[PDB]
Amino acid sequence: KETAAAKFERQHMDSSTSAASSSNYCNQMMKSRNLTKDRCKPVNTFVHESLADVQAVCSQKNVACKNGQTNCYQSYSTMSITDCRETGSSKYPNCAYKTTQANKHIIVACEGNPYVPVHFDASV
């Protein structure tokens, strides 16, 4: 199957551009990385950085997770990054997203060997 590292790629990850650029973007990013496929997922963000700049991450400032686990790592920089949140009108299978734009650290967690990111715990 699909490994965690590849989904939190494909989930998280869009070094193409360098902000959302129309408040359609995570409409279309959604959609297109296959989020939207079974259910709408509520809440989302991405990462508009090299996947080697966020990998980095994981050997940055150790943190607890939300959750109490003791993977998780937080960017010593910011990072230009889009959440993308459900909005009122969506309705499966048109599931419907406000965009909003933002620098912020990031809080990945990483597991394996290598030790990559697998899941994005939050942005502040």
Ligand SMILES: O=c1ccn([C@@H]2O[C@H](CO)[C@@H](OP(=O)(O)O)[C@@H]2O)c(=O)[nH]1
Given for the second form:
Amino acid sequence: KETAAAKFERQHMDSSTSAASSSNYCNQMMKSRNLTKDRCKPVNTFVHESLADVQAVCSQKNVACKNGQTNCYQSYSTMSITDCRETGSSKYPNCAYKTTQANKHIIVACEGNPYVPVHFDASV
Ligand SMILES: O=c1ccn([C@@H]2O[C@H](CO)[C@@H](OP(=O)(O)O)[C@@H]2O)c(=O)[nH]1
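Moving from the form deposited without the named molecule, what structure would you give for the form deposited with the named molecule bound?
Let's see the whole complex now, leading with the same chain.
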């Protein structure tokens, strides 16, 4: 198994590096986190901040989620993140990604007790 919260950490947390250096970050990280084993996950964002900092977003700016649900939250401060987007030549199982580093406000969906992140919605 795997809790929804655990999956969020596996799919979106990377407190080890301050920023994605070198264009090969995503190719390695996406495979490393098992995001390309069943297929190539199209888009995925990694957050380069402490777990406490990201978890704290669940008590920050309440905003509507893209699917219409009301349990999304936007970080007050910008955060260091890395977007991974699959390229065109990308063909399973050899998934290929474009690595994009940036500093933006993240938006995550939270749920449960404790109230923690379970989905990365967007960055703005
Ligand atoms: O900026 C973006 C946009 C999308 N996704 C990712 O694409 C996913 C698939 O619907 C979702 O993963 P998740 O729901 O397991 O977090 C997330 O919205 C990101 O990780 N970052």
